[PDB]
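One protein chain omitted, others in place.
Order of writing sets the labels: A and B. Residues in every chain begin at 1.
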Amino acid sequence: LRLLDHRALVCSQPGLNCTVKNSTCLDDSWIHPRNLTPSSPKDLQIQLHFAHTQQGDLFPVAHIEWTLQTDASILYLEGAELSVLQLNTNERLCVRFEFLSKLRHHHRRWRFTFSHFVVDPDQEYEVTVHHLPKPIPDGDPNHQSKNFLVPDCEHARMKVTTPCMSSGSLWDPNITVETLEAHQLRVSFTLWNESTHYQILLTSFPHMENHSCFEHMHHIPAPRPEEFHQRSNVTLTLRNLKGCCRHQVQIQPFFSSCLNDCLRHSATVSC
Amino acid sequence: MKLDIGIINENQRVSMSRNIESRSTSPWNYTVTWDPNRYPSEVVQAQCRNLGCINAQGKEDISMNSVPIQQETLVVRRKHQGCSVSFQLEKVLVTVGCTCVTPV
Partner (left out) sequence: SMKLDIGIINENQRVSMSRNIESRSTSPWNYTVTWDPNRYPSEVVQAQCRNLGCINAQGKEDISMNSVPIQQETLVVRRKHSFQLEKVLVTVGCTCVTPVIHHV
C-alpha cells in the first residue's frame, strides 16, 4: 500500500478544476463539520491496472472510478477523500480531491477516476470514497465502499509485475528426477538469480498411503553470482524398502522478499 | 490539550503481505467495523473460523484450539453531545488473526 510516484496528479475535468492533495485520512470536515453536506457517491467501481514508475519497474495499481450522484446537494460538495484499507495489515492509505471551482449543475455525468494506489499481489483491500464535507454528527453517510481483490502471482499479466518478479513465478526450475540406481535418486533443477539458499525435502510414502517411511532433507548453500540460472544436481540414497515406492521431492527457496514463505515445488514418483 | 492534525509514517512496510487467512491451521475471516464517530472510521477485525485448529487432512482437530491474537491500538473518538464537538483518545483491541494452541 503506497503510491508508485510522488508525481503530481490530475483530477480536473471539462467543467471542473480540482487538484489532488495528499491527506491523512483525517479531514477538516470531520472536525469542525460544515452545516450542509453532499450526497454519497454512486457507481463506485474498482478495476485492476498496472502502471510504470519512472524507473523500469511496474506495479499493480488500483483503479478507482466513481461517479457523482445527480441531485441538488452537488452544489455543496467541495471534494472527495479516497481511502484504501488493506484488511490483513490494518493499513489505510488516503489521498483527497479538492475542487477549486464549485459546480452548480448536473447537465452531464460527473465521473472521477484515480489510479495511483499501488497494491500487493494476493491482497484484498477495501477502497472507500467519502464525499466532502463529511456528514455532521448523526447525519447520512455520503460515502461508498467496495471490497477489492487482487489476484495471486499467477495472473497472466500479474506475474510479470515487479513484486511478483522478485520471488517470481517467472522462475521455473525444470525439475528432473531420474530413478537411477535402486536406492538412489538424482534430482536436477535450474535455479534463480538470488544468492539465498534452498532446501530439498525428499519424503517417501507407502503407495496408497500418506505415512512416510523415509524423509530426508538436503540444504543447498547460497548460489554465487556465477552459478545463477544453472541447473544443480543432487543425488540422494533412498531407503532400501519394499512398498516405500512413492517419492515426493519438493524444493523450498528463501528469496529475500517472502523469505521462508516462498512457494515450494513438489514432484512425485510412483512405482 | 491540543492534538496536531498532522501525521506522518516512517513505517512504510516495504515488504510483502501474504494471504495466510485461509492457509492457516487456525483460519479466520476479516470484518470491517465502521464508526463515523471515530478515527479511523474503518477498523478491520478478524474472528476465528473454527473452535479447533485444522490438520493436514482438512478435518478439524478438536484436540488443539483456534485462538485470537489481539493488538492494542488507539483511535480518536469524537463526542458531539450538545452543540460542542469534543474528541478524546481510545484504546481498542483489534483482533489481528488466530493461532493454534495446545490447551492446558
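Following the convention adopted for this analysis, a contact is a pair of C-beta atoms (placed from the backbone, for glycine too) under 8 Å apart; a residue touches a chain by one contact, two chains touch by 3 or more.
Colleague: Any idea which of A:67, A:73, A:89 or A:196 touches the chain not displayed?
Modeller: Going through A:67, A:73, A:89 or A:196 one by one, A:89 is the residue touching the chain not shown.
Colleague: Pick out the residues on chain B that sit against the missing chain.
Modeller: Residue positions of chain B that touch the missing chain: 1-11, 13, 17-18, 20, 23-26, 53, 56, 63-65, 67-77, 86-94, 96-102, 104.
Colleague: Touching the missing chain, which residues of chain A?
Modeller: For chain A, the residues touching the absent chain are 31, 88-92, 175, 199, 201, 217, 250, 252, 260-261, 263-268.
Keep this in mind: only the chains that are shown with their structure count from here on.
Colleague: In angstrom, rounded to a whole number, how far apart do the mean CA points of chain A and chain B lie?
Modeller: Going by mean C-alpha positions, chain A sits 20 Å from chain B.
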